[PDB]
Each structure stands twice: as structure tokens, then as C-alpha cells.
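Pasting in a structure now, in C-alpha cells, and then I'll have a few things to ask.
All protein chains but one are shown in place.
Going in written order, the chains are labelled A, B, C, D, E, F, G, H, I and J, and every chain counts its residues from 1.
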Amino acid sequence: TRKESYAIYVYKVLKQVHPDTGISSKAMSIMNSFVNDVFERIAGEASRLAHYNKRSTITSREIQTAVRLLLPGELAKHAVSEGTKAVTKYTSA
Amino acid sequence: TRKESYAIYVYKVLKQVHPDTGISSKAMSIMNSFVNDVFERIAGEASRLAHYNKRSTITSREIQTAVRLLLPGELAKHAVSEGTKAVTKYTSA
Amino acid sequence: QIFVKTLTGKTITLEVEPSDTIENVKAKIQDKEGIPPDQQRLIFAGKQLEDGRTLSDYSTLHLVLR
Amino acid sequence: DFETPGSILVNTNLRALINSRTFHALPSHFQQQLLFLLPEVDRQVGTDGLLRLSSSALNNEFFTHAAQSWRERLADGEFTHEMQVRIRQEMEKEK
Amino acid sequence: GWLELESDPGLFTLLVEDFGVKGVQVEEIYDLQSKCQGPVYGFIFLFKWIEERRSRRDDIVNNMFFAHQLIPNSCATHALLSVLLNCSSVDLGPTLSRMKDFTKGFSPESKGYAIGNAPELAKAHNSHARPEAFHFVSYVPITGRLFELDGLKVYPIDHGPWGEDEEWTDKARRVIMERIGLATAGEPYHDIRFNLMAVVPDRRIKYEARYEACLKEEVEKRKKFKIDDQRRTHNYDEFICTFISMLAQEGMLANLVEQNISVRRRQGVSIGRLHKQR
Amino acid sequence: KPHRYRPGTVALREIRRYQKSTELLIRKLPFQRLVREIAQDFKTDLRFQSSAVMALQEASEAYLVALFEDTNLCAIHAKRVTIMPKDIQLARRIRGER
Amino acid sequence: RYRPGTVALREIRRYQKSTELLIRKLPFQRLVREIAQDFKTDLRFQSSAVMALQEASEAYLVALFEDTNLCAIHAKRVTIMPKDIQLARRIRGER
Amino acid sequence: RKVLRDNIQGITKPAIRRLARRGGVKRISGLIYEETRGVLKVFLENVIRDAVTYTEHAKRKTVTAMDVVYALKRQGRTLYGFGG
Amino acid sequence: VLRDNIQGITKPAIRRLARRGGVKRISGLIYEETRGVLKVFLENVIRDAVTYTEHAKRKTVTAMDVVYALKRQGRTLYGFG
Amino acid sequence: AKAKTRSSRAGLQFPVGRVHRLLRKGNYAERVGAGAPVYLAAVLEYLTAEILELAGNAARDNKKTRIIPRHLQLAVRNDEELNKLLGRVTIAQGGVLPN
Partner (left out) sequence: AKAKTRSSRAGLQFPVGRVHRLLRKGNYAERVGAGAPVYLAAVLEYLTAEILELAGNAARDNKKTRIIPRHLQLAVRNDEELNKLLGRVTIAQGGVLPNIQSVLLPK
């Protein structure tokens, strides 16, 4: 059957950043695997954080705390800022 | 609020192996922590194993495979033997 | 090619020469199995072979351990 | 140094060191003295009356293992003077 | 206490002769073929006794002489006693006759304790002493039945009736195969430190009754056993020291050692200081 | 006499050449045979996808390169420029692999 | 007067058989509070948390010192120096 | 409450000597003390940072033992004896 | 039957691997230790992968099994999905 | 009918019911088979029995009748397989081996 992946979104982000630069297929696979790895790390950490406090749901607060736990320093600060902006824009729309 | 622990079962096992030996509270807490740690390791490994094959049920086979993956060598062999004996005795009772 | 049989019945195929001594054969057995030659004794045609002799001095042989 | 673990002999192949050729290079008096520490059968009664090393006297399964064990014990520090004194004290305790 | 004895048929033969038994010897069985074992009075087998990790989970008692192993390194001696004192076709000698008479009615623990305090038996056992654990067990024909005697077991295990008292090799051969198939856990090519020996009546006596070359072979085997006993009981420390000192004083020792160096150098290991230096 | 470089120069040239490249340094067939021989012990008649042995080779090469870097660090610490098995053993002891 | 190196051996034998804490409680507690003051102001600590922190820190330091001693012995010395610690932390992958 | 400063010097030289003795160190140099102080400060910084994050997520002002245990577990240094 | 193919990792290959790692001078006994270490690592990884394959009742080891076995060891690998 | 515990059916000391409840409440899978908790309880019982037996032997070698964390540390670190299992684990009040 079909095998889903994040190829097109990474392609769009690359075209946004460097319009004239392409990307090889193996690099695309590496990027997709990296995205999946980060997603599973953050999801597992948020799940454990929610289970620690004996809650039933995963909200934005758990994701923010997990991001603060995983990403070190400036990456954490920028990621938190971007997440806050995205959440505010979505809730305003 | 009740806080459950494995104190009584560990004490029963200790009396099974060493009839005349007692145990202090600190060692009891350490044993409880060890039991919880092993339980969560095996449960998580079995969950991932079941998720990989796109099944939705944890059976004895997944637990056996997780035990083979975690415990090294003789521990794995003896654990598999004990689990098989226990399940075989339980299934006809 | 010579064959060596153990108490368990294992068959060991060794590429040797007529001039090879008993020590050489035991060293090859050690290489193939890891059992030191000092714990190895070789018997051919119902007779245990002593150290220092060669194969031509005395195929399927028997290996025993001490 | 024939008794400290730091000796070269602990890294030396003694079995090929001591053999028929090594025995032959010795003088007759030294040969007889060394043979007097051998068992009673390895000393073959020669035609001249002098006991001689058997063809399979040093090239033995027992002698090779004895040499290996001696080298290992020298590695372990058994042969040092302090350990010898301790062994003598233990023997005094025994008897 | 007592010391381990090497699994050598000559060592057991010299033990038997030291105990005073006559007309019997110990031969080595190098294969499981039916032709390898003939008329025998007892089997001695060594596999191991390190399998003590998964622990914690009949009028013939008055006839069979079973002594529990209450002292270490006496497995070979207990096996020899099991083979001999339960066999009435050999000359047990005055020592073993008196031991059997005095210790016949005692309990297996009492039998083993009385054995451990026997002076002559202890001296003979320790006569071969040198200046992964392995264990000895015995198989014996008693009252037309196979009995396995092990010093760490409660009582002899009956493996069924014999085909015949005089002909008992093949029934024990399958038991030996089963024992081998358990230690190696299936594939027999895992452990090979097994040893099998047979306590058989004196070959020289049978050959003389019926072979002069066979008598010469037996005499040479006995001489070899004597040589092995002398070597195992000989201390070569002074001999080696004198040899090395003489070689060093003569001079060629240095060059000989430089030639036979055993370990490759310039690779971290301290090769050490020269002989007769410091 | 023909041109003969001083010892240690070809070492630096090869170091640069193999540090600026990315291809596999172990030939495919010997590694595949080794993998099959090792796997013969656990289960018989196993079959391997090509990508499986490729991933195994990549992981093995990365592990060996990291181990050699740590070994070189230990050897330099020992005031030597030549690596010896004691260095590898020390590295694997400190890493916790032994 | 004992020879230098004897008191060290006696202290090693004494300390390797005891399980008590080796750092004074109050200085460690003050250090923990000082460090924690930066991330968030006005924090409070249960005594058990401080005890757990002290146990973990002591175990980590003991393991680091064992590795440092191994490195120093490898360098053919008996005195540990800061480059040994730096090498150990580099090999562990912590830096 | 008083301002806590220079508490890194509260880890006295004899304490580091005892810690080294437990590890089997026979002879100690002079800079080992400062190096050990730096390493201990870094380790405590990491652990306390994670613990404070865990506590702040739960909307508390008292750091419990479970937060420290969880931080140690997340750092791969699982600690027994205090629960969890 | 394949036997003693560990010798297939020739000395020049180990030399190239050491060159990539920044090693200048190499002793003569390094090669055997390197072969032993490689054998141990491959044994562990292949054991885990074969267990994973056995659990799924397949007779072909796939790339995903190797990736999962590596991830269990802590050696996460990218590029193979 | 009379109440007969599942732990009694399999001849185990650990609680099968509690293990089943924890597996269901831990979101480890959508559905939990009937055989899994018995197997897990047997494995846990075996591991606990091994550790406790080794600790008891260590305590007996120290002329004491009560197990303390030092005995647990000595038992764990002296067993190759157990030490390999717990390589990353620190035991409070454990001390170190005399070496």
C-alpha cells in the first residue's frame, strides 16, 4: 500500500529558506527520520509528564514543558517562543 | 489515601528462600523500587513490540520476547522457563 | 585428511602430513577446539600415541581428555 | 633474579629453553647433579653406567605442565623471599 | 583437608593397590562402543559438580554400603569405596575388610565420617597430592540391579534390573549416554571434560590363566603409572633454580632466552629485567 | 636512489584523504559473509535484505571510527604516538563496555 | 612516624568498607540552595530531596575518581592530575 | 533569607580527599580540588535545572524527592531507595 | 558452510579505518583486538535483530529490525527509515 | 462460588490481579491478553527471589540476620549478570566493593 512521509513539507520549508538549493533523496530520508525521532521523543516525554501528575489529557502546557526538558538553551527558548506565537494565532482564528 | 507497595509479597518470597532472615525498611523500599523499575521496563518494551507489528493486544508471546530482549543469558533462560511453567499450570485450573 | 573422533562422537577433519608429530596434531586440535594439547591424548588402532612420535611411526583417530 | 615476578623468565618459553640439547651442553658433573633430581626411571642406566636422559624424559606432558605452572607461580609471586618465609612459618604451624 | 586427584586410570590403580586390594586394576574407556568395555566390576565417571545454582527448589538401605561425602575432595575415594566394598569378587584386603565390618551398620553420614578418620585411606589418598569443579560418581552392580552412588546424593539410584550380573555393560552405556546428553544440553559438542574408567579384574592374571606380550604391556603400564606418580609428587623448584643458575653461570642462558622470548615486545607489556640481574 | 618519503608524511596524506571522503572502507562481500556466518548460530536458513547488511556495515564503521578516536586520545595522553591494545582496552573499560 | 603512603592505604581500607556520607550536610545544602536560586526564586526543599541529591553526587564523584585513577595508572603514575579528569570526562562523552 | 555565596568552597579539601580515598586514589595533586568543585557544580546545575522544571510544571513551590528522582532517571542515573 | 570469515576484515581495511579516525602510527597487535571488538558488536546487534525477526514469524531480516536493534543499544541510525 | 485468587491458581506469590490492573491502567496497549499478567508476575517473582537469595547469603557471610542496603549492593555487584542488568542504577547507602 502507501507509505506516508514528510517529504513535501520539508521541501516547502527548504524552498522558503534557500530558494535555489535542492536536496538529494538520501538527505530527504535522513530529514524525515530526524523529524520522526524528534516527534516520538517529545510525545513520549509529554506522555510520561502527564502520567506523573495523574492527568488524562495532553495539552499545550505539557508539550511546552517537554520542549523545555529536551531542547538545550537557545533552541528551547526559540522553540517555546515559536510555539506560543503559533498557539496564539490559531486560537485567535 | 492508600499507597500500595510490594512489601508483603517480597516478604513472602524472602521467607520462602531464607526462613530465618529479616529485612529492614530501607532494603524493602529499594526492593520495591527495583520491582517497579523492572515492571515498567518490560511493559514498555512489550508495548513497543506490539506496536511494531501493528497489533493491538499484549499476549504472553510479547512478554516472552521482551524478557528475551532485556535479561542477559541465563537470567533470560530461567525467566522463560519459569513463565512457561506458570502459564502452563494456570491454563488448566 | 584425517578424522578425529571424541567421546561425544564429534568428527574433526584435519589436514596433516605424514611427517607431522603428535604435538602438531594436538596443536591443530587445540586450534579447532580450544582444548590445550597438554590435556589431549590421541589413540590410533586401539593404541594411545606417545609424545614426540610422528604419524608415519604408527585415517580415523580418537581424542581423549584428562 | 630467578624468584621475582619481574624476571624475564616469566615471559620466556622454558619448555623449548630446557631440552635434550640444553642438557647436552652441560658438563657431566652438572648433568649428573641435575639428573639426581629426576625420577628413578627417566634416568636410563646407560652402557657406561652413567644415567642418561630418556628420549621422552623432558618432552613430557607432565614436565611441560610443570614448567607452565612454575612460570605461572613465579608470576603470582610465590617464589619471592617473603612468601617463602610465610610458607616456612605455615609449615612450622602445621608440624 | 584432602586434595583433588587427577582423573588418571593409573592413579586409581595405585590408589587401589595402596588400599590393599589385589587382583584388580583400573582401565580407561576411551569410547562408548560396546567393544570398549568387557567384564567389569564398576564404572567411575567424572563430569562436574558446579551445577549448584538453581538450588532450594526400601530395605536395600541396610545392604548397600553407601557413604555420604562429608569431607571435600573425597569424591574419588568415595567412588572407589562404592565400587569395591559393594563387590565381593575381589580381595578387599585386611584394611577394607575391617572398615566394611566396622562401618556396615552405620548410617551413610556415619559411614562417611568413619571413612574420613581412617588413617591408611587418608594417607593413600593424599600420597598423590601435589606440593570449574569436577565430581566423581560410581555405577555398581548390586543384587542384579544398577545402582549409581554419588557422595552428594541421599542414597543409590536404582536404574532398573540388569540384563545379567556378569554382563552389565550395555545397560550402563545408555545411562552414560543420558548423562552426557544432559551436561551438554542437547548438542554433545559443548563440554568434553567427561572421564570414564572401569574397575576390571587383573588382566595379567586372566592372561596367565588363559599374552606374554600383554603381560609386558601391563608391567610397562604399571611402570608408567609409577613414573607419573613420582612426577606429580616431585617438586621441581630447586631443580629449575639450579638449572637456570648453572646456565647463567656458563653463559649461553642469556642468548637462549633472547632467542625463545615468548611475548612480542614493544607493545605496552613490560618485558622485565634480565636473568640473574636484580 | 628513487624518491622515498620520510615516515609519517604518507600517514598525514592518508588521514586528510580519508577524512574528506565518505565512502565505505570495508569491502562488501567479506562483511556480508561475516554477517551470515555470525547469524548462522542463532537461526538456520536466514535471509537478509541488502539494506540490512548495508545498515549493519554503516553502524559498524561508525562504531570503529569512534573507538579509534578515543584510542588515539588515550595514546596521546600516554605520551606516545603509537596506539597499542592496552589503549583500546582502557577506552572500552572507561566507556562502560566491559 | 609512618612511611608516606601507609596512612593512605589504611584510610582506603577503612573508607571502602563504610557506607556513610562523606560531605558535611549544611555546606552541601547551602550549595544546593544557592544553585537553585538562579533558575527560580523562593524555592523550598524537602529534606529527602537534599539527601537524594547528596547521594547521587557522591556516587557520581566516586565513579569519576575511579576512572581518573585508572587513567593515571595508565599514564605510569600514582598521582592523579586534572588532565586525567579531563580525559576521563572526554572519553565518557560528557564533554 | 540570607544570600548564599561562595558555597562551592564549602566542599572542603578533606571532603574531596575522603571521596578520592573511597575511590582507591593513593596520591592526589593540588588542582584536583578546584577541578572537582567545577565538575560537581556542573552536575548539580543540570540535575537541579531538570528538577525545578518538573516542579514548576506541577504548580508547586516545594521540590519533592520524586522530582529529583525523575530528573535523575531522565538523565540515565536511576536512583533507588527514595521511591519510584 | 562458511568458516573463519573474520579474516575477511583485512589489515588494510583496519588501517584505513584508523586513518579516518586520526591515528598516525599503529602497532602490530591492534588488528586482532579490533577483530574481536567488531565480532562482539556484530554478535550483539545480530542477536537483537534475529530476536525481532523471530517474534514476527518471518524468515527474512529486514532493515527495520536492524534499525530497532540499534535503537535499543542507544546507537540511533538515520537514513534507512 | 468461593473466591480463589488467580495467584493461587498458578502457584505464585505475586499478585496477578494487581499486575493486570497496572497493565490496563498504564496505556501500554489497547487490549491485554489473559496470559500476560501471569507471565510477568512469574518473571518478577524469579528476579526478586534471585536478588533476595544472594542478599541473604551475603548477610549470612557478615554474621547478621537482617538485610541492609549494603548487603544488597554487595550481592548485586558480585553477580555478573545482575550487575550487567543494573549497570546504570545507583543504590542509596550502597557503598563500594573492597578492591
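The criterion applied here is as follows: a residue touches a chain if its C-beta (ideal position, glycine included) is under 8 Å from a C-beta of that chain, and two chains touch if they have at least 3 such contacts.
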Hidden partner chain, residues of chain I it touches: 20-22, 24, 74-80
Just the residue numbers, please: which parts of chain A touch the chain that's not shown? 4, 6, 9-10, 12-14, 16-18, 20-24, 26-27, 30-31, 34-35, 37-39, 42-44, 46-47, 50-51, 56-60, 62-64, 67, 70-75, 78-79, 82-83, 85-87, 89-91, 93
Counting contacts across the full complex, list the positions on chain F that touch the omitted chain. 8-9, 11-12, 15-16, 19-22, 55, 58-59, 62, 65, 72, 76, 81
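Keep this in mind: only the chains that are shown with their structure count from here on.
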Any chance you could check whether B-I or B-J wins on number of contacting C-beta pairs? B-J
Taking the mean of the C-alpha atoms as each chain's centre, how many Å separate chain C from chain J? 50
How many angstrom lie between the centres of chain I and chain J, each centre taken as the mean Cα position? 34
Multi-chain contacts only, two chains or more: what residues does chain H have there? 22-24, 56, 77-82
Contacts with two or more other chains occur in chain G at residues 16, 52, 55-56, 62
